[PDB]
Amino acid sequence: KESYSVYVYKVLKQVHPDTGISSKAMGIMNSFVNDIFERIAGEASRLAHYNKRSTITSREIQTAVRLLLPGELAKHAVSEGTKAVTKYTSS
Amino acid sequence: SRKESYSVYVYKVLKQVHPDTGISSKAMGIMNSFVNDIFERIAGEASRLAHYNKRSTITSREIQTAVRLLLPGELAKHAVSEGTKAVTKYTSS
Amino acid sequence: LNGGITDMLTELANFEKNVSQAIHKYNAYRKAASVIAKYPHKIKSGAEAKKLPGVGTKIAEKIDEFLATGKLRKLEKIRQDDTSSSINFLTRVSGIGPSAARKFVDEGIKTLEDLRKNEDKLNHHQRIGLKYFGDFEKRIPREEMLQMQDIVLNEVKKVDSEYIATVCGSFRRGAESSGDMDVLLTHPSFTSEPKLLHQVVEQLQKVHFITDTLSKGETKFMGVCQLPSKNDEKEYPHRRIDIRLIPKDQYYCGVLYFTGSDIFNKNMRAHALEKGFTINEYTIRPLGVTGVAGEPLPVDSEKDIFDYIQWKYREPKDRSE
Amino acid sequence: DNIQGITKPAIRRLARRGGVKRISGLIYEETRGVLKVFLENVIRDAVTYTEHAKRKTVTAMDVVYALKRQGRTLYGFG
Amino acid sequence: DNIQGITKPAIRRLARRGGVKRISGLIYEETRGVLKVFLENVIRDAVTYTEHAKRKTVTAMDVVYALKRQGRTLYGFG
Amino acid sequence: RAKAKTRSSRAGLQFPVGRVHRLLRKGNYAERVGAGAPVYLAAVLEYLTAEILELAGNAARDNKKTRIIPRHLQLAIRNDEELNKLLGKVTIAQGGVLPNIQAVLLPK
Amino acid sequence: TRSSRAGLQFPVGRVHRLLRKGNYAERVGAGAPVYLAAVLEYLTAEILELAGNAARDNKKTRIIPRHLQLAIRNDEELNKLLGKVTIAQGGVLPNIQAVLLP
Amino acid sequence: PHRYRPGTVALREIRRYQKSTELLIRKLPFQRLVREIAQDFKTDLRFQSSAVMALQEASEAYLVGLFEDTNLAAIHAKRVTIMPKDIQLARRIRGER
Amino acid sequence: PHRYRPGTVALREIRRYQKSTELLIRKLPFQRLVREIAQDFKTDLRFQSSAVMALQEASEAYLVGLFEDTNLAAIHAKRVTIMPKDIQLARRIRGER
DNA sequence: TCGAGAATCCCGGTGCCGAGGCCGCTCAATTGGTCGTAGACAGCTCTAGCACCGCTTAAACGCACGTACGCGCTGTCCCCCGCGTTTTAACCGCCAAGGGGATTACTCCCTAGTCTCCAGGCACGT
DNA sequence: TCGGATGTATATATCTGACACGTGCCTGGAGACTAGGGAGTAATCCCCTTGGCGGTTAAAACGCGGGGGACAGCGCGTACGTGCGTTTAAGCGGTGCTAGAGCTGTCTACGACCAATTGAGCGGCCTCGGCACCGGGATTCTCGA
DNA sequence: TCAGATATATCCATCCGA
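Protein chains in written order, with the deposited numbering: chain H, 34 to 124; chain D, 32 to 124; chain L, 11 to 203, 208 to 335; chain B, 24 to 101; chain F, 24 to 101; chain C, 11 to 118; chain G, 16 to 117; chain E, 38 to 134; chain A, 38 to 134.
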């Protein structure tokens with residue numbers, strides 16, 4: 034089936050080149066990714082509906098990420114998201 | 032401007048409940064809040080269950096399942112007891 | 011003196027190549043069969059045959075079981091398998107391989123009757139193979155092969171006098187028969203630094223020599239051709255002819271590589287590597303102290319290629335090994 | 024009737040892994056009520072969610088979804 | 024230093040409304056700290072949700088929504 | 011074209027029906043909204059509201075006051091058992107707390 | 016690839032498809048997959064890095080589930096992120112009260 | 038000359054406060070505290086009065102819950118007075134660290 | 038032979054089972070309990086083994102958490118033995134009572 | 001048990017403002033048609049659940065014994081409930097004053113939708 | 001004094017790479033190109049927050065008991081861990097048997113869409129009666145006796 | 001088809017408070 038396993042393995046290899054991953058660990062990581070995506074999407078949708086707009090855009094996702102994530106992680110994530118958005122928009 | 036509420040329906044239901052009762056405006060506000068909260072919770076449960084079953088449209092069976100899942104205990108047994116009797120009336124057509 | 015063991019390993023390798031789709035097993039089984047058949051002695055024990063290269067624990071055990079029981083339970087089970095036999099039959103026709111045979115057997119196409127009934131399920135190459143599978147299965151006599159080679163050389167010379175045609179392979183090596191024709195073509199205007211092959215194909219088809227075409231490109235063209243009958247005898251079977259056009263700086267190397275034999279080619283490559291040169295189908299290149307290959311040397315004749323690796327030139331009749 | 028299956032040494036081991044020092048008498052019996060209450064309040068909703076799909080066998084995803092709707096999410100069981 | 028605004032009579036009255044009988048002499052600082060923690064953890068998200076609207080005024084319904092997110096869902100007002 | 015009857019009038023329900031269908035359709039909560047779902051949801055809302063209001067009326071009649079007060083409503087809501095479970099984390103504005111005192115601390 | 020063009024790691028098109036078909040909003044924006052993928056990658060990288068530090072401290076050579084549990088429960092930020100979530104065969108952090116000890 | 042028992046007035050005060058439904062916190066101090074606390078995060082924020090009232094309501098509810106928890110726990114501790122250690126334990130048990 | 042200190046064995050193996058990742062519960066009894074509890078809801082429902090294992094895992098987690106919280110709360114009682122009243126108080130203050 | 005004094009219930013004689021009464025008025029709910037498809041059903045195949053059987057053995061059970069920690073009891077002293085007294089800033093009354101939020105008409109441009117378009121992997125065959 | 005517990009050397013339980021090249025097939029997700037409907041932009045009321053000044057007094061700060069609760073310690077005994085010898089069911093494989101999960105092809109009843117048609121709920125405005133507040137009265141609980 | 005590594009068990013030469 035389709036999951037995030039391949040991308041997870043690639044990211045783990047990039048992060049550290051001398052480690053191994055159990056299959057149960059891969060499943061745990063897949064569940065974590067799915068849960069985080071669902072929570073962020075739900076918060077964004079609720080914020081969008083409450084704001085009396087009609088679409089989901091980058092600013093909404095950024096505000097939701099600020100609302101949900103813990104502090105220092107939120108700051109680092111906001112920086113990374115801004116940098117990636119600049120990179121993609123520079124295309 | 033204009034905004035939606037359930038004040039008139041609440042007043043009619045209260046008159047049906049007892050012909051000799053008063054209530055304040057803040058009571059109507061609290062009742063509106065309770066109604067909105069319950070409706071939102073039921074709708075969310077229904078949408079989640081429908082996505083889990085991977086169907087495409089909401090039917091009364093899903094609503095019955097959600098009501099059985101959400102409401103606390105024996106009251107739901109009474110509550111669902113009305114709904115089919117309610118539904119049958121519309122099924123009376 | 012291991013004809014029976016070689017015959018059984020032939021079916022084992024065919025199963026591993028076309029049914030099991032195991033190149034790493036098919037090559038090993040073929041090598042073990044070749045080592046068994048090349049030994050001019052009867053195999054008495056599997057341990058005795060394990061001394062010869064290419065035979066391992068599995069090969070020795072199979073040889074011992076074949077000696078003890080006269081056959082293999084696995085071999086008999088694979089022979090009695092309808093699906094495996096159907097896959098082998100479907101892959102036996104050229105143009106259909108392991109996956110083609112598997113799809114045909116999965117779709118119910120198991121015999122040549124189904125293939126004739128499902129020609130729409132057969133491509134141009136597949137339909138061509140289905141039309142002349144028995145004709146492709148027949149060998150080419152040395153007289154018929156020589157007549158076809160003379161006709162092809164005449165057509166090449168008439169198309170362009172500057173064209174150079176070489177009948178390489180066992181025909182060059184002098185074998186009494188061949189399963190197909192392999193022609194190497196050269197031209198002064200086409201070097202290492208496109209319509210010549212198309213013109214050659216058109217010239218061959220104009221005299222009604224080439225009967226069918228499976229693929230025709232600017233480099234190699236493959237088709238079915240047959241030596242004509244003299245209006246009273248039976249028609250000659252269709253034979254597969256492949257003509258490859260090579261550069262003038264690469265024609266000699268290609269002819270040397272395709273002339274054979276495989277053992278002779280391997281020995282020549284080993285001698286060249288021991289002589290500080292690398293010999294390929296394209297050209298021959300110098301080898302450095304660190305093994306970096308230099309600019310490939312110009313090639314003009316087989317004798318020059320032999321002298322490049324500091325080895326005596328050997329005639330194709332003596333090129334068995 | 025099988026509720027007595029959980030051995031006293033087993034519950035003692037569980038509590039010891041929890042970080043206790045001494046277990047009195049009545050607690051061993053009392054733990055049964057908590058275990059049964061939690062298990063029932065889970066299994067009933069799980070079976071309801073299973074039956075809502077007009078199936079017959081309890082599926083692992085059903086238990087996962089029920090636990091999530093029960094406010095305790097346990098990621099890892101697929 | 025407005026945190027000293029919550030007076031000792033006020034804290035005592037609130038605790039009595041809770042139904043307390045005897046309050047020790049080391050409660051004022053703890054109560055002030057707890058109140059500060061709760062007010063901050065609500066107001067930060069309140070201001071964030073307000074700013075997401077790109078408006079310069081904090082609305083009561085924004086406070087209600089923020090309290091709902093933090094696990095209060097206090098109905099009534101708004 | 012005779013005098014048409016509303017859906018709630020057709021099926022004998024009190025709370026709004028059509029507006030519920032509009033809200034569900036515009037709520038983006040599903041791809042397609044069915045028929046009986048609005049009826050069932052409206053009926054359930056009616057039953058719950060009726061139960062709460064009846065408890066409130068009983069409380070107010072006990073307290074000898076003609077108009078329902080928010081504190082009376084809160085006391086009625088928190089007094090029962092099932093409603094306490096169903097509304098276990100809601101703070102009613104200007105509601106109050108149930109009159110109860112710890113027994114052990116009480117003088118004796 | 017679009018994710019490659021953005022230099023991301025996860026398949027951005029998959030996220031776009033999931034969000035579009037997820038019935039979570041009326042209209043899909045412009046670069047929402049990019050931001051979502053970046054956030055997911057940052058979180059996954061942080062979790063994996065803490066796990067790798069713990070594993071190197073563990074003198075092991077594979078991501079055991081207990082290692083992931085210890086890594087997640089050993090840092091305050093991750094503890095707040097997933098405090099109310101359980102893991103399988105994970106165990107608890109080693110801790111004993113000082114008052115009980117001899 | 039006539040004074041009540043050493044702690045009898047406490048029970049009467051408990052009953053009186055329990056019966057009532059007043060605000061119990063002076064509005065001006067709460068408004069000042071809200072302004073001061075909000076000053077740190079963002080500058081020049083203008084609120085509406087209803088928001089201040091609602092924040093007061095929620096704060097009262099949270100403090101009441103914590104105090105009731107502390108009283109129950111201290112009762113479980115076989116002690117009569119309420120001390121900060123009990124408050125810390127109560128905040129720890131519910132998972133508020 | 039050598040009589041160990043009072044609780045020396047008890048204090049021991051706390052570190053051993055603390056680092057454990059096994060189930061520490063008899064499997065077939067758990068399956069029987071699950072089936073018996075299930076028999077009251079509906080009639081003759083089949084179950085999958087992985088689901089039973091996951092249910093056991095969640096149950097172990099919840100029980101471990103409750104017992105540990107109860108021990109921590111009972112520590113505040115200046116007592117060294119956990120008692121049923123302590124677990125009662127822990128459940129009541131946990132909000133799930 | 002008992003009284004002096006403090007907390008509590010009550011009739012009413014006033015006010016008073018706002019909850020419920022009324023009308024005037026549209027934009028959303030209804031009807032009656034249409035089309036275009038999600039799942040209801042009928043019919044199939046393949047497996048993970050289900051049911052024993054015998055062996056091994058290891059965790060579980062029951063029973064003696066020492067001991068310590070829970071649980072009474074005691075005195076002791078210290079901080080806090082209650083009291084009275086002297087300040088004061090919330091609180092209510094009034095005022096102005098202006099700026100951020102609603103609205104409303106206008107223009108722009110960005111994703112849903114449709115439709116090519118492909119080259120990055122599969123095979124034959126060697 | 002010694003059993004539980006840290007390493008290093010040594011022997012099992014798994015994982016794993018060792019031809020590729022030329023030539024055709026074969027599809028699932030990138031670009032190209034609208035449109036029209038959703039979002040940005042400028043102009044104007046306004047009302048609702050903001051700020052300010054003065055009396056006013058119920059509320060809050062502060063000093064002073066004494067006395068009742070927090071705490072500290074002591075004996076004791078009885079519930080509870082600890083060692084040991086037995087035992088029953090839990091694993092650990094087997095073995096066979098099959099209801100039921102899952103998947104695939106009709107087709108059809110039903111849900112979305114739309115243009116008239118209309119009247120139930122919303123906005124705006126009275127009013128007198130539920131509610132309210134003192135105010136003095138009588139009624140009742142209690143803590144030093 | 002094959003051992004070559006590589007991760008993974010022990011154990012019995014030590015170390016310690018208990």
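Keep in mind that the hints were calculated from the coordinates and are not lab data.
Fair warning: there could be bad hints in the mix.
What the hints assert, rightly or not - As a list, the in silico EDC-like pairs of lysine to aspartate or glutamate whose alpha-carbon atoms are at most 20 Å apart:
1) G:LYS99 - H:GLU113
2) F:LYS79 - E:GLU73
3) F:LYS31 - F:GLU52
4) B:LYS91 - H:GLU71
5) F:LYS79 - E:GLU105
Said to hold, decoys possible - Among chain F residues calculated to face chain C with C-beta under 7 Å, some are:
6) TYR51
7) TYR88
8) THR96
9) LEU97
Stated by the list, open to error - Okay, the calculated beta carbon distance ranges per label pair:
10) G:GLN112 - B:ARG35: 12 to 20 Å
11) H:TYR42 - D:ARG72: 33 to 41 Å
12) B:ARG35 - C:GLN112: 29 to 37 Å
13) G:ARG17 - E:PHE78: 16 to 24 Å
14) F:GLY56 - D:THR119: 55 to 63 Å
15) G:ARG29 - L:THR20: 47 to 55 Å
16) B:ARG35 - G:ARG17: 16 to 24 Å
17) B:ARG35 - E:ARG116: 28 to 36 Å
Ideal Cβ placement from N, Cα and C applies to all residues, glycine included.
Okay, the hints, checked on the actual structure:
1. Between the alpha carbons of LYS99 of chain G and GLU113 of chain H the distance comes to roughly 26 Å, so the proposed pair goes past 20 Å and is violated.
2. Note on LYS79 of chain F and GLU73 of chain E: the hinted pairing holds, with a Cα-Cα distance of about 17 Å set against a maximum of 20 Å.
3. For a cut-off of 20 Å, the pair hint linking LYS31 of chain F to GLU52 of chain F stands: about 10 Å separates their Cα positions.
4. The suggested pairing of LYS91 of chain B with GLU71 of chain H holds, with an alpha-carbon distance near 13 Å, which does not exceed 20 Å.
5. A hinted pair counts as satisfied when its Cα atoms are at most 20 Å apart, and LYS79 of chain F with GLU105 of chain E does not qualify at roughly 38 Å.
6. Among the interface hints, the one on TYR51 of chain F is violated; its C-beta lies about 22 Å from the nearest C-beta in chain C, farther than the 7 Å criterion.
7. Below 7 Å, beta-carbon pairs count as interface contacts, and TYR88 of chain F has none with chain C, the closest being about 15 Å; its hint is therefore violated.
8. With a least beta-carbon distance of about 6 Å to chain C, the hint placing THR96 of chain F at the interface is held under the 7 Å criterion.
9. Taking 7 Å as the C-beta contact cut-off toward chain C, the hint placing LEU97 of chain F at the interface holds, the least distance being around 4 Å.
10. Between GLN112 of chain G and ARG35 of chain B the beta carbons are some 19 Å apart, a value that agrees with the proposed interval 12 to 20 Å.
11. Checking the proposed 33 to 41 Å range against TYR42 of chain H and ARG72 of chain D shows it holds: the Cβ atoms sit about 40 Å from each other.
12. Checked against the hint of 29 to 37 Å, the C-beta distance between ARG35 of chain B and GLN112 of chain C comes to roughly 34 Å, which is consistent with it.
13. For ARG17 of chain G and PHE78 of chain E, the hinted distance range of 16 to 24 Å is not satisfied, since their beta carbons lie about 37 Å from each other.
14. Against the hinted window of 55 to 63 Å, the Cβ-Cβ separation of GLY56 of chain F and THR119 of chain D comes to about 59 Å, which satisfies the hint.
15. A beta carbon spacing of about 48 Å between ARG29 of chain G and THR20 of chain L agrees with the range 47 to 55 Å that was offered as a hint.
16. Taking 16 to 24 Å as the suggested C-beta distance range, the pair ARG35 of chain B and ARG17 of chain G does not conform, at roughly 58 Å.
17. Checked against the hint of 28 to 36 Å, the C-beta distance between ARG35 of chain B and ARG116 of chain E comes to roughly 31 Å, which is consistent with it.
Checked against the numbered hints above, the structure breaks hints 1, 5, 6, 7, 13, 16 and satisfies the rest.
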